[PDB]
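Colleague: Here is how the chains run, residue by residue.
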Amino acid sequence: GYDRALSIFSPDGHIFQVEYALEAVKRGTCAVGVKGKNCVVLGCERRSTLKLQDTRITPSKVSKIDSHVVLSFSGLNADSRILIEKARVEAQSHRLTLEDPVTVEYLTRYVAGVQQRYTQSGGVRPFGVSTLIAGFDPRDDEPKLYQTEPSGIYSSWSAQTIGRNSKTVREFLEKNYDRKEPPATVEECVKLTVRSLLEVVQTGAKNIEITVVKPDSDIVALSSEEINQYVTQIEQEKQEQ
Amino acid sequence: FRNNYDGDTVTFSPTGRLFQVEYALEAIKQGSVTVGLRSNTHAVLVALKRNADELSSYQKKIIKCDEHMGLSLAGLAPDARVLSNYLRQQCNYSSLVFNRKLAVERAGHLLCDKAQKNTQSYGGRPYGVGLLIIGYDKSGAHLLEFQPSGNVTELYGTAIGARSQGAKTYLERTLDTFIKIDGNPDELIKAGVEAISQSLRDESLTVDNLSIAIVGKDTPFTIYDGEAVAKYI
Amino acid sequence: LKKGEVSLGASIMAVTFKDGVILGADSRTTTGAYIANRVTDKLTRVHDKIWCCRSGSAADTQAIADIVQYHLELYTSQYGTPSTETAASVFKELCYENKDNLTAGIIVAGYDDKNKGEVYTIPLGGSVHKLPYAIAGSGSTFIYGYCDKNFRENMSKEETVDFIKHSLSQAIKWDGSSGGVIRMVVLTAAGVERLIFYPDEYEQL
Amino acid sequence: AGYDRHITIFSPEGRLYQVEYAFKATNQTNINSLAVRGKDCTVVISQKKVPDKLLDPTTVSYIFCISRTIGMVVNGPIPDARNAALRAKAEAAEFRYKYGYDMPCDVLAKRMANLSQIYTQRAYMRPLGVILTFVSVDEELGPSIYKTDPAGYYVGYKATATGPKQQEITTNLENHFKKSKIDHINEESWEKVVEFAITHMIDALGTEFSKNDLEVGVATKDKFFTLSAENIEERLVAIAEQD
Amino acid sequence: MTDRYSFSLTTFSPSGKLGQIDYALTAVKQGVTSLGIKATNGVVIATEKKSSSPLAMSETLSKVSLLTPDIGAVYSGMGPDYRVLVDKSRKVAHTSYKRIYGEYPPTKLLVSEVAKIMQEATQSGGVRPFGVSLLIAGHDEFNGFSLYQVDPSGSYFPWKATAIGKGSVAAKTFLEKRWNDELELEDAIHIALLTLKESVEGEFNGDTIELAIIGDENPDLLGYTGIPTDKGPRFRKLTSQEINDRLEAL
Amino acid sequence: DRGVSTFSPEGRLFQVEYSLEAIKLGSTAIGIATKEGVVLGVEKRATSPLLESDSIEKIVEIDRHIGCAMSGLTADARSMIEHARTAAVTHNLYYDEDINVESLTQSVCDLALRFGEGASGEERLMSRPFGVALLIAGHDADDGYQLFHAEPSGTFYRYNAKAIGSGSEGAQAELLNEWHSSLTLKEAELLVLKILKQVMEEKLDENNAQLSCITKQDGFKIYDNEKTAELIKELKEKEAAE
Amino acid sequence: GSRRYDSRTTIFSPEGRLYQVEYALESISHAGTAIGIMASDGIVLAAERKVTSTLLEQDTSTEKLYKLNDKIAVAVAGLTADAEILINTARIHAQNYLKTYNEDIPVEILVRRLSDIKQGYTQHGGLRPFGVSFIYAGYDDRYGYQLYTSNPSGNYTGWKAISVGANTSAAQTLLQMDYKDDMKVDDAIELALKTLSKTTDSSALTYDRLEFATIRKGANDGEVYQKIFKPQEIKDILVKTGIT
Amino acid sequence: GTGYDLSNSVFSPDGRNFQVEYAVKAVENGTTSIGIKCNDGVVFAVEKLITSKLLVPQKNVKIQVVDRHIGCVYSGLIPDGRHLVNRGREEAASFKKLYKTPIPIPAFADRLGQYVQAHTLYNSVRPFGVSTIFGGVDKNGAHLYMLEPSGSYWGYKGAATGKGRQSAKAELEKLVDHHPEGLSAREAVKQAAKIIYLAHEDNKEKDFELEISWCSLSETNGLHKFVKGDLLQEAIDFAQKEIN
Ligand SMILES: [Mg+2]
Ligand SMILES: [Mg+2]
Ligand SMILES: [Mg+2]
Ligand SMILES: [Mg+2]
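Chains as they are written, first to last, in the authors' numbering: chain R, 3 to 243; chain T, 2 to 234; chain V, -9 to -1, 1 to 196; chain O, 10 to 252; chain P, 1 to 250; chain S, 9 to 250; chain Q, 2 to 245; chain U, 4 to 247.
The following block holds chain R by itself, in its conformation from the complex:
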């Protein structure tokens, strides 16, 4: 029965609830995704407000939507779970009716649509979540990375970041990512990604979690150690000078 218009225009043409949803995103951990020539890497900083967690179980920040597409987010954890489930279900429904898994653009368009619907339906508040969705289209090798926000707007990015301090790391990427020589290797792509999160995370190994996604359902979550090896090699292309 509850259908009060919670998202409405104010005198200046802004939808407050959608704008306040962006603020909740600004408060979430940073997430970044940059794409290589044959890969897409997703980095996420870990919430350090409280520590003594059990890393094994705790809901990871990067989630598999299907064997070839993943989604990371910044915003209300609880809210992200609702978007993730609907995307997973739509991913299986698409396989069932079209006899082909979703392209990344389609999946993005679907999640984005769900977010927009919550901006103009009665009785519900928008999702305090922005997402990064990446993977590869079936039988294709060109990497894809898309970003969606609470308004439901979406688009693709060579590299992009969301979350707290995203403004700062966005700047780093804006002048360290060249579309003439995008990180031609998994190694250098992860490097650049780590470099970017380092400019904000403040010297922390376990503080960063990377996930590398290659063509044909090859997705691997690098280990604390494998990343640490990157932080070290990075503090070298900073200390030798």
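Simulated from the structure, these hints should not be mistaken for laboratory data.
It is possible that part of the hints are untrue.
Stretch-level coverage of chain S by chain T, calculated; a stretch enters the list once three of its residues show a Cβ under 8 Å from a Cβ in chain T [what the hints assert, rightly or not]:
| hint | segment |
| --- | --- |
| 1 | 13 to 22 |
| 2 | 78 to 85 |
| 3 | 118 to 125 |
| 4 | 158 to 164 |
| 5 | 170 to 176 |
Cβ atoms here follow ideal geometry from the backbone N, Cα and C, with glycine treated the same way.
Put chains T, V, O, P, S, Q and U with the ligands on the given structure of chain R with help from the hints.
Modeller: The following block gives chains T, V, O, P, S, Q and U with the ligands in isolation, referenced to the frame of chain R:
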């Protein structure tokens, strides 16, 4: 004072006024002008159409509801679409179910009732458009004036919109004259045009400006736009 | 009639006369050839002076009368005493609107001061017919001739009880689905009188 | 937060203002009523005040015939009283249909009280501004008086009064019952009980009544009925002999 | 028209307080004192019959109600809210239990059921909490005797003895001193009578007091003989006379 | 507070008026109608240089003979486009013909005022008006090339040329002066390009502006960057003359 | 109209925080503290009782430790009644999963479902959130012993040791100090009780003020055993540890 | 505090429902209409204001029939009155369908009363902005009723509402005092036209049109008919006569 008693149509003021309805009556007052007048054989609607820029079309004001009924609008157009659509349906029901043409008096009664429902319940909003309905039924020619408050009145002639009071006086004077233009369609129209031209100010009525509709004895509701109103300026 | 349910069979009639109207009925219900109840009461009160004779399905007619009694009790509470024509309309509304699932032949008889006695018969389809007297029930077929020949308008109470007593005994005689005692309910300005007649009397008439 | 006085939610002191205000409304009509029980009857008296001369005196009543057996007198605005009346009539009839016997006065009272309680708890329904005194001669209980209010409260009474001068009447009645030591008027005819009733309302309000100033209802075994003007006068004419 | 009130009327205030529940607890505080004492072979629930006039018939207002033949309830707060809660409790005892398992529910579960109805009024759209606290006393084969208190929030807790309403604080105090786990029912009734005496303002007698016990099975109150598995209800309301006889041995 | 379908003292629906303000903060969209086709051009306006511009969809195909440009809260237009496409196809199914452009537009505008909280009249569930406006352009055999501006008020006007978005007052002004009953498709493309160039914040190039047209012969075609760049170049040269 | 009285329980503050969620958290911060400590061979759940007395029956009580399955139990911090509503739906989801797959429900699955329910009251419906935070102690064949926690926002996380309710900052600081990855259950019990002993808002920690539970896999059996300590068992374990 | 008058069903501290009372004000700003009960019928009359000469004379009928024996006239917001009559019609039909006999006047009154009162129970609906005078002939007599926005109604000997209500009620009290015997429908028609004319003085700035109708066992057969032709002019003349 006001923001206390003017937030919902469901609220009566201390003096017994319904502000939302009154605010609805205002949107009509900023709409372009339209005139309605009838003799004992024809009823005509003349309406001044208004544009947004000199690069746009002139929004239609007249809508045919059946072969024997139609109306001109002033105010929120979408609302006119909603209401004329209801009229189209009711007219249709009468023909299909009873093989009877809907009486204008009946059409008016139905419009009143539809508008009233939107003035007694919370969450809704009154319609913000006025309509002049003309039709020729079993009792002759008719002109009706519909207001969003739900008040429908049958008249000899009238006008609504900005500066309506101008044409409303010409007709109020010309009554004895036009009520007798029987068997002469073009005259009635001319009378209507003369009436409408008493509420002008901005420009003179042109071929892109005028819109006339006529219905009567052996004339099914027909709308004359642009090209064919040249002979009335 | 549903398979195996109790049937009223019956010989029922309602006759108007000078002082008012009288309802009469036999008292047998059956399930096949077994007499489930040999002393039933088919004269049902739906209002102080508005009664009915029931025939067809025992279940259906009881359900319907129970509902009518309620509608008239509520009507009374709000608008005062209901006319017999109103009581009939309620019965009809139920019988007609539910014709596919019911088997109710009902005769409605009542007494008013403005209208004197009135009789309405609601046959199987739910149509309503006002008449000077009506007969129904499975036993009614056997007395169409007798009743048409002997009924007179404006008879006296004594005469009407006799007419109803003779007709029903004949009906009971020929119809295996009718029998028992003959019950009558006299509805006049004076009140409501209940009469009962046993076999040893009516059988040898 | 401050709207706790417009809808039925608790005020910081645990009060339901809307219910309190519904109680003030029951006095809007400035009419007083009382009910007493005879040995085998229950009488309710209610003042009748017809101001405007343009009115049809026969249609101004606050006493309702709920069922063949139950009568109800209402203290409060007429539209709410008639709303309550219709519902009580529907409930009594439904009860008889479903359960096979006439609904008792006290059960109807309880049912009507439960309904009021709901308006007290759900914010969308407003309380009805009325007090309902149901009376009858119950088949199990005898003469009965059960009265309900906007709070959803109800209870049975030996005798009761309601209206602006409720306290004076109640005290007069309490005094009579303390003096006599019984829970009912020891008279055999409802006529005398009606007389007692009127006498004590006169004594208590310090006012003299004429036939068109009272409204009377009597409940006896198997029936409840209102008295006509002329019956009331026979009553008045008879009281003008003890006093 | 229509209940467009589909939102909560009880919400969390900045301090983490649920306004409406606190206010309902206050309403309860102004109510007449009711208590319950749990003995080794029974439980007693008692309350005072605050008659709002002497013309009113106190007996026709049962503040102590039987919910099932082995369970009774008393309260403090808004009488009408209680009356509807009793109706609903008596009903749920049948719908969520007797019609499923063929036996009346155990005290804690009936309590849990009443408590749930109360919680929903604390969160469901368009309603205010109930302004009452109940003391439910009962018995069941597997748990013996118990006494529970249910608050407007829907929280319930078991007690050895407790009191609620107006003089609850002083009463709980008197109870803490007199209570011990070797009390026979008669002694609890006695203590209940004493405890109630200090809460009561004027006349204290069988006609102004309501006391009910949950004790031994009463065959004389079954209504029939022949089936030996059901031996009678354990709930019994003490009569006006039964209370006075015990008041004299004060 | 105050209702969503409330009328102001001036007889304007608050939400609708506030909706039109959000539209003034969106990228410019320009459509120009000639007798050889209708051109629609839009300003991409990316929020940062890392955004792959081609993923910015502001000109969409409704059907082979109808295309449309948007401006405002672009996400709100996705449900609108969906309805527009479904309406055009459904009409083809029911009538074995192309839907008229006016009809397509009217159908779209019928959605507009369908917002509110139980607004007594019919069932309108959408908590607020759309925050985007559309330029609908197309061709049909009865009325030829047409361009329509569909607003959240539910009203739509046919225009010979029209600009919507942040730079519309300025752009509309240039349009008023540059449009004439005998423009060519190429002339139109140029003007859209020129006017877009004027009101945009950034320098107009083939990566931040998009052209498209709709013609009887080829239907709706979004101009690929290469075709547009040649046009932008062709512009720099025509302007640098006098 | 009715809008007037609507508190708007599911809106964002200008800072992107959920009013009602933040406020419920505050309510929760006044509830008896509950602690859950995960060992290599078991899990301990301990809770301090709120609103008590000399007359409260402790034997027949449970207001903080509830069994959801024979393998999963929770500790409650917040409104007991709100908790009971959620608990009953969790107990049903568990049985729903068992019926469907014929395997006991994995702990995280049950936890995420409960959290999603809480999240719902957060995004739609217009009803107030549930003022409850849970500590779930459970075992399953995929991850073994697990400890989770969920709060009014519907967010949940996993822990080696955690506390909810009053004085969490204080308790968490103490746990983080004495906790070691290789702890044995007997050790965790002590730690649990010690921590409570120092964070209590009351005089001294006594048996009548606690609820205690452990989920161990007794080596002389196989089925995991959930033990909800009875009054006399809490008094006993309290002496051995040295609180008296 | 204040605000008790912004939402319908709300009781003010003095037990009044302010929104209903403001409805009454909309009634007092409207045309006067009356009703006179006679020895075997009822007569209704209403003043219709002539906003301008463009109004086709005698076409905007205001009095309405219900079934075939009830007349209804009201003052205030005309549309609300129509709404009320539409319901009355559905209510009268319902009664006839189930009970066969046309709806008794007292029963019809209550049907209208209950619906109007229903609109004072919730804040989601606005009360009726009209007072309705209606009545007719049934099984036992003529009946005249007047219903207010509160849903209040009673039976009358004469009734009037609208701006000139006082003058009308004044003249009505005269008639009832002088003719206790009853008044022939004929005389009542005349007297009604008079009362409206006199009452018209309470709004003497606009020209008017008289509308009368009646229901009489002897003149119309217990059916409602409008006063047309000879009979109307006779009443119009008798009016302009007794004015000076
Ligand atoms: Mg036989
Ligand atoms: Mg309420
Ligand atoms: Mg309300
Ligand atoms: Mg008055």
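Colleague: Now, for every hint given, state plainly whether the structure supports it.
Modeller: Evaluated hints:
Under a criterion of three residues with beta carbons nearer than 8 Å to beta carbons of chain T, the stated coverage of the segment 13 to 22 of chain S is upheld, 9 such residues being counted. Only when three residues or more bring their CB closer than 8 Å to a CB of chain T does the claim for the segment 78 to 85 of chain S stand; here the count is 0, and the claim is violated. For the segment 118 to 125 of chain S, the assignment as covered by chain T holds, since 5 residues bring a beta-carbon within under 8 Å of that chain's beta-carbons and 3 suffice. Counting residues of the segment 158 to 164 of chain S whose CB lies closer than 8 Å to any CB of chain T gives 3, so the stated coverage by that chain holds, three being the minimum.
For the segment 170 to 176 of chain S, the assignment as covered by chain T is violated, since 1 residues bring a beta-carbon within under 8 Å of that chain's beta-carbons and 3 are needed.
In the structure shown, a violation is registered for the earlier hints numbered 2, 5, in ascending order.
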